[PDB]
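Student: When you get a sec, could you build the whole thing from the sequences and use the hints?
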Amino acid sequence: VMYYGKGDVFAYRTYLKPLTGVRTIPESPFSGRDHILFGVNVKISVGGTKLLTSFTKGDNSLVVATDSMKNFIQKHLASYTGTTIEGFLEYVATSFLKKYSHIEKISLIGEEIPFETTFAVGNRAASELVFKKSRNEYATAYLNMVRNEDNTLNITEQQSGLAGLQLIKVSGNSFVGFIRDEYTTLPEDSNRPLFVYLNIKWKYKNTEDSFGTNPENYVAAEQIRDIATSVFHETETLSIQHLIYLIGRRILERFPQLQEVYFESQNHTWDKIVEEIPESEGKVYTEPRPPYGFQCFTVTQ
Amino acid sequence: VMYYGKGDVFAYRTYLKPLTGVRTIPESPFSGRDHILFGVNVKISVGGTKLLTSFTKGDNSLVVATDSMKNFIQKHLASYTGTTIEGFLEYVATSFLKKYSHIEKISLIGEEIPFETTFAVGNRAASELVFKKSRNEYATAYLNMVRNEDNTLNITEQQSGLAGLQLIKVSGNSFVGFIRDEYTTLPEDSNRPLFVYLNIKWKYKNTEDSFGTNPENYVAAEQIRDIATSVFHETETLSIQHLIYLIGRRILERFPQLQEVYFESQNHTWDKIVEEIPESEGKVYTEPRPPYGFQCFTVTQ
Amino acid sequence: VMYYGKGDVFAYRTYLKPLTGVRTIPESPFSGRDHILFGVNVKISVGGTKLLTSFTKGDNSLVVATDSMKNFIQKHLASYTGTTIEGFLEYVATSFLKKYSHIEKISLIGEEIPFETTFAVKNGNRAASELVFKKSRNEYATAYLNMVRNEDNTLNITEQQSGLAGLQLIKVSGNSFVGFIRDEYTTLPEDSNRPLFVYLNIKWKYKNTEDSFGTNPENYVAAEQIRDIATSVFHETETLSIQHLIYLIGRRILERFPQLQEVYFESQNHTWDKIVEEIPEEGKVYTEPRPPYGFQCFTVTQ
Amino acid sequence: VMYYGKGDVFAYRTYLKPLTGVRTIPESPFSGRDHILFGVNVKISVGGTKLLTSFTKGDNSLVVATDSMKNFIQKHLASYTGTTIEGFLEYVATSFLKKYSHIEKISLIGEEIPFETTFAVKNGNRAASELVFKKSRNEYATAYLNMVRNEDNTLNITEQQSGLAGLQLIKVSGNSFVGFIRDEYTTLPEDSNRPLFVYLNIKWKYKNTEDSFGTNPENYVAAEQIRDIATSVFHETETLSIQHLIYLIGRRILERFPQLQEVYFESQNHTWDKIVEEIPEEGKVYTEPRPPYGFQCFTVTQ
Ligand SMILES: O=c1[nH]c(=O)c2nn[nH]c2[nH]1
Ligand SMILES: O=c1[nH]c(=O)c2nn[nH]c2[nH]1
Ligand SMILES: O=c1[nH]c(=O)c2nn[nH]c2[nH]1
Ligand SMILES: O=c1[nH]c(=O)c2nn[nH]c2[nH]1
Ligand code: NA
Ligand code: NA
Ligand code: NA
Ligand code: NA
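Sequence lines, in order, name chains A, A', B and B'. A prime marks a further copy of an entry chain. Residue numbers for the first sequence, in the authors' numbering: 8 to 128, 131 to 310. Residue numbers for the second sequence, in the authors' numbering: 8 to 128, 131 to 310. Residue numbers for the third sequence, in the authors' numbering: 8 to 288, 290 to 310. Residue numbers for the fourth sequence, in the authors' numbering: 8 to 288, 290 to 310.
It cannot be assumed that every hint is accurate.
[Claimed, not checked] Pairs of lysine to any residue residues, derived as SDA-like cross-links and limited to a Cα-Cα distance of at most 20 Å, are as follows:
1. A:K82 <-> A':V283
2. B:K50 <-> B:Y147
3. A:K141 <-> A:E123
4. A':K210 <-> A':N153
5. B':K105 <-> B':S86
6. B':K106 <-> A:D190
7. B:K142 <-> B':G173
8. A':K50 <-> A':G173
9. B':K281 <-> B:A85
10. B:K50 <-> B:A85
11. A:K50 <-> A':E296
12. A:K57 <-> B':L255
13. B:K112 <-> B:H83
14. B:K82 <-> A':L195
15. B':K292 <-> B':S180
16. B:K281 <-> B':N78
17. B':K292 <-> B:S86
18. B:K292 <-> B':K24
19. B':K281 <-> B':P297
20. A':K50 <-> A':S102
21. A:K210 <-> A:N153
22. A:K82 <-> B':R189
23. B:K281 <-> B':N48
24. B:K141 <-> B':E273
25. B:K292 <-> B':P121
26. A:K50 <-> A:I164
27. B':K142 <-> B:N145
28. A':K281 <-> B':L195
29. A:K141 <-> A':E273
30. A':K281 <-> B':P297
31. A:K141 <-> A':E296
32. B:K82 <-> B':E284
Because the hints were derived from the structure by calculation, they are not lab data.
Tutor: Quick look at the structure:
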C-alpha cells in the first residue's frame, strides 16, 4: 500500500443548484432537494508510483500538501454546477487528475451532513432560512478514478449509500428455530421489538446515472430510507437476515437501473423487563449489554 | 455533600397512556403524544443523615442497592398511569420516599429518548409499528422532593427542559459593534450564518401544571422547540444574547403559567471560505477550530 | 443568571518553569513536573450587571467578543511565569478583571491535557526523551477559580478548587458487597469477592488559597500525589462498598495534607459481570455490564 | 457478500499464563506480560454457502445465534491455556469450525483492553500492586485471523495480522515540512521547525504464522516493542514529513524482527497551530487546529 490524503474535509455550500425531477416511487414522497444548504464531509486519497521517494527519501518535490487538497475540495464545491454528492465527487476527481499528472489513482468518500426544515410563522410554514442540524441518517458516496497508460481517465468503482439509519419495530418480529446446543442460552422470541441499525449501499449499472444530470435515473438515499421503513412495517420478520433480503429485493424492483444493494445491519434490540402490565398491551424494556449481532449481505439485480 | 444513586437507567415503555388535549400555540402544531413508544433515561440521587455510617463504617444495613433503585424505576414505569416525564418523576419520587423512611431527599433527572415516525405503504402513512431512533433534540425533566420533620413530603424544585437543539440560520444575523482592543481579531460580520446549540429550561408557577394531569396547562418541549425556530427566523439577530432574550420573551408570552425560562446557548458558526460565487448568492464555509462561545441567561415572567 | 464566555480554549506551552521543591508523602514518588510540554483546556465565564443590555437590546458596546477571550487566554499562557494550572488561572483572572472594568465576576476552569514520557536510544543507551511525548487519554488534573471585583475596585478570590479527573481503577479481589437491603426491589446477590471497578473524580480545597498557586511549592498538593494515595488505599483496604473506600481515601488525603480543608469525591461503579466462576487448575472470566451505573458523592472535611 | 457475527464481545480473564521468554531489542525493555488481568474485545464473522436460506427464506435451522457466538468466545477465554491474543484467536477459530460443520470461513479481530500497574504502600515500602490496575484509554495491541474449512474438512489459516493501535506521539522540535508543491491551491507556509503530532496505527505480518502464537515466545513480536521502536525512531530522526518518518520506523522494525514479512502504517497528522512564536527570555504557544487531518497509508516489506 502507498497512498496519502486528507480526511474530515467539511464543506458547506449555500444555494447549490436544486435537484429536481427525480422519478418518484410509491414508498417515498421524495422528488428532489432544494439545496439551500448543502453540507458534505469529504475524504480524499491519492496514489501513484511517483510518490515513492516522498516516503523512501523524504523528497517533497511531488507532494501536493494535504492542506492543499483541502483547499482544492472547498474551492471546487464553490464552482460545482451539479446537484448531487456523486456528481461532486466526479467533478473533484476529474479536476484533480487533470491538474496533477503524477497521480495515478484518486479515491473519494463524501458523507452528507444533513439538515432538516423547521417551522416559522399568520401560519406555520417551513422556513427558508432556519434549519436543524441532524445527527440521524445521512447519504454517502464513494468514487475511485484512475489514469490509464494511454492517459485516459476511468472510473473504476462507484457506490452510493445511506448510513446511520436506526429503526425499531415494536411488534411483528420473531427469532425462533435457531441452533440450540451447549452454547445456546438465548430464548426463542415469537414477538420481539426488533431494533436494527442499517447501512445500505447501492451500485448502478451505468455510472452516469449516479451523477443526477438526468434526474429520472437518480436513486436518492431518502427513497432507500423510505423503502426500508415500509418493508420493515410490512414484514412479519423472521430474523434481520430475512428482513434485509426483502428490503434489497424491493429496492432492486423499484430501481431497475441498480446492479446491486449491500447491507451492513446490527441488532440492538432491548432486553425485556416487564412482560405483562395489567390493563395494557404495554411492556417495559431496557438497554442490553454491549455485544451486538451484525449481518452483511449483497443482493444482485 | 453525601448522596448516592444510579445513572443511565434506561427504560422503554410501550403504550403509555397518550398525552392529549394540550393547549396549542401558533408557533407549533403540537397537541399531544401517542406514546406507542415512551423512552426515558433516568438518574436518581438519594440522601439522608442515616446514610453516614455506610460511608464512615462500611455498614450496608441501610443501603438500598443502586441496582435495586434501577429495578424500582423500571417497575414504576410499568405501573405509571400518567402521561409525562414530569409526572413519572413525581410518581417515582413519592413512591420511593414512602417506601424508604430513612431517605430525606430524592433528586431525579429524566431525559427523553426520542423516536420519530416513519413511512409505510396503497398510500404512504405514518407507521404505528416502525419508529426511528433520533439523536437530535429531546425533552428533559428534573425534580427534587424532601421529607419534612412533620413527615410530609414536599417538592422543593421542579424544572422542565429541551436539550440538544442545533439550529443554523443561513442569513439575517449580524455581530458588529463589540469591543475592539489589543485582544480583538474577530472581524465584524453584517451577515453571518449563525449556528447555535440551545438547551432551554422552564419552571412553572404551580408545580401541579408540570404533571400533565390537566393538559391545558402543560408546556411541551416540542412547543418550545417551535417557538425557538420561529423567533430565530423572524429576528434580524444582533448576537446570540439578543436572540435568546427574544426567544425567552416569546415563550413567557405564550405560556403565562411559566415563571421563568433559562437558556444555555453555544456558538458553532462556520468559518467562511468562499465569499462570492459567480452567478450565485451562495458561499462556502467549513468547520471552525474547537473553541466555542457560550451564553447563559434567565428570563422571568 | 447572566453570563457568557468561551469553552474548549486549548493552549499548549513549551518550556514552562518547572515545578520542583515539593513535599513528598509515603504513597507517592512524585517530585515535580519538568514542563517541557504543558497543555491546558480552559473554560472562561464572565458576568456583570452592565452586560444586561447586550441581551435585552442587542447592544454590543460592552461585549468582549468570546473570540477575544480565547486570544486573551492564549496570550497569557505565553507570558505566564508560574508553575501550576491553579496559578495560571489566577494570572488570567486578575489580568482580565484589570483589563475590563465593567466585568464584575470571572469563573475559570482549567483541565490538564496530560502527556507521558517516552524513551529513545541515542549515543549508546536508552533514556527518557526530551523531545517526544505520548498524549494520554487517562486521568488528568483540574482547577477551578472564581474572582470578583468589589465596589472599591479590589479583586477577591471567592472560590478555589483543585482536582483529579478520569481515574479508572479495578481491584481484582479483596472487595465485598454484602448486607444491603433485601426487599421486593432487590435482585442483586450478595458477593463476598468482586472485582470492584471504580471511576474516581477527586476534588480538594485548601485552607489558604495561596497554597494552591505553587509559589511556595512545599505547600502545594499535586494531583499525582492524590492519584497515588487513591491507588494505595484501594490496595490496602478490604473494601465493603465504594462508600467505605472513598471515605478511607479521603481520610488518608486529609492526614497527609493538613493544609487541606476538605476533599470531595464523585465515584462511579463499573464493575464487570461474572461469566465463568471456576476455571480448571485461580482465574475467572468477566464481561461488560448493562449501562446503568451506581455513583456516590461524598465530602470528607478536616 | 454473505456473513454475520457478533461485535463488542468484551471478555476479561484473570491469571492467564504469563508471557515470558521473549527476545529483547535495543529500543525496548519489554520482557513479557504478567497476565494478572487480560482483557480483550472480540469481533467474530462467519460465513458459508449453507447460510443462504437464512437470508432468502427466513430459515433459522443452520443459524448459530450471535448470542451463542458471544457465549462461545467467553467460555473459550476461560479454557485458553496460551499467552497471546493471536493464540487466543486461533484457539477460538479452530474450536468454532470444529463445532459447526456448515461454517466454511471465520474471521476474528481481537483488541487488547489495556491496564497499567499501580503502586501501594504495605509492610514498609511502596511496590507494584498485584491487585489494583488502572484502565488505560491509550494505545493497545490488536490481532486479526481468518480461517477456512476445506473440502476435506481440514482447516487452514488464510490471513493473519498483528498490530498496535491508538499511539499518539508529539515531537516538540526537530521536524520540518518544506519543499512541497506551491501552486494556486497552496496556502500552507513552509515550516523549518514544527511540533509534529502523529497518530499511528502499525500492523505487521509474519513470514510464518506459527510465530504469532507465542508457543515459542522468542519468535513473537510484541506490540510493546513496536511502540518503543516508533518512539525511538521519531526522537532520532530529523523528520522531513510523516511519510519520511513512517518509512524509517518500518525499516527499523523489519531490521529488528527478521521473522516479519512486512509492516503497514496508517498515520494521521494532528499537529497544532502556532499562536505565539516569541516568548520573552525558548517556549511557544500552540492550539488545536481545524478538523481536517492529513493521513498516510504505507507498507514496508522485507
Ligand atoms: O435477527 C437475528 N439474527 C441473528 O442472527 C441473531 N442472533 N441472535 N439474535 C439474532 N437475531
Ligand atoms: O453572538 C455572539 N455573541 C458573542 O458574544 C460573540 N463573541 N464572538 N462571537 C460572538 N457572537
Ligand atoms: O459499592 C457499592 N455501593 C452500592 O451502593 C452499591 N449498590 N449496588 N452495588 C453497590 N456497590
Ligand atoms: O508530513 C506531512 N505530510 C504531508 O503530506 C503534509 N501535507 N500537509 N502537511 C503535511 N505534513
Ligand atoms: Na411517490
Ligand atoms: Na397551534
Ligand atoms: Na525531582
Ligand atoms: Na521479565
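Student: Run every hint past the structure and note whether it holds.
Tutor: Status of each hint after checking the structure:
{"no.": "1", "hint": "A:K82 <-> A':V283", "verdict": "holds, 7 Å"}
{"no.": "2", "hint": "B:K50 <-> B:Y147", "verdict": "holds, 16 Å"}
{"no.": "3", "hint": "A:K141 <-> A:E123", "verdict": "holds, 5 Å"}
{"no.": "4", "hint": "A':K210 <-> A':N153", "verdict": "holds, 15 Å"}
{"no.": "5", "hint": "B':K105 <-> B':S86", "verdict": "holds, 16 Å"}
{"no.": "6", "hint": "B':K106 <-> A:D190", "verdict": "holds, 10 Å"}
{"no.": "7", "hint": "B:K142 <-> B':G173", "verdict": "holds, 10 Å"}
{"no.": "8", "hint": "A':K50 <-> A':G173", "verdict": "holds, 18 Å"}
{"no.": "9", "hint": "B':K281 <-> B:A85", "verdict": "holds, 12 Å"}
{"no.": "10", "hint": "B:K50 <-> B:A85", "verdict": "holds, 17 Å"}
{"no.": "11", "hint": "A:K50 <-> A':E296", "verdict": "holds, 15 Å"}
{"no.": "12", "hint": "A:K57 <-> B':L255", "verdict": "holds, 19 Å"}
{"no.": "13", "hint": "B:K112 <-> B:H83", "verdict": "holds, 19 Å"}
{"no.": "14", "hint": "B:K82 <-> A':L195", "verdict": "holds, 15 Å"}
{"no.": "15", "hint": "B':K292 <-> B':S180", "verdict": "holds, 11 Å"}
{"no.": "16", "hint": "B:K281 <-> B':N78", "verdict": "holds, 12 Å"}
{"no.": "17", "hint": "B':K292 <-> B:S86", "verdict": "holds, 10 Å"}
{"no.": "18", "hint": "B:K292 <-> B':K24", "verdict": "holds, 13 Å"}
{"no.": "19", "hint": "B':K281 <-> B':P297", "verdict": "holds, 9 Å"}
{"no.": "20", "hint": "A':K50 <-> A':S102", "verdict": "holds, 16 Å"}
{"no.": "21", "hint": "A:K210 <-> A:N153", "verdict": "holds, 15 Å"}
{"no.": "22", "hint": "A:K82 <-> B':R189", "verdict": "holds, 16 Å"}
{"no.": "23", "hint": "B:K281 <-> B':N48", "verdict": "holds, 16 Å"}
{"no.": "24", "hint": "B:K141 <-> B':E273", "verdict": "holds, 17 Å"}
{"no.": "25", "hint": "B:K292 <-> B':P121", "verdict": "holds, 17 Å"}
{"no.": "26", "hint": "A:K50 <-> A:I164", "verdict": "holds, 17 Å"}
{"no.": "27", "hint": "B':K142 <-> B:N145", "verdict": "holds, 8 Å"}
{"no.": "28", "hint": "A':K281 <-> B':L195", "verdict": "holds, 18 Å"}
{"no.": "29", "hint": "A:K141 <-> A':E273", "verdict": "holds, 17 Å"}
{"no.": "30", "hint": "A':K281 <-> B':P297", "verdict": "holds, 16 Å"}
{"no.": "31", "hint": "A:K141 <-> A':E296", "verdict": "holds, 16 Å"}
{"no.": "32", "hint": "B:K82 <-> B':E284", "verdict": "holds, 11 Å"}
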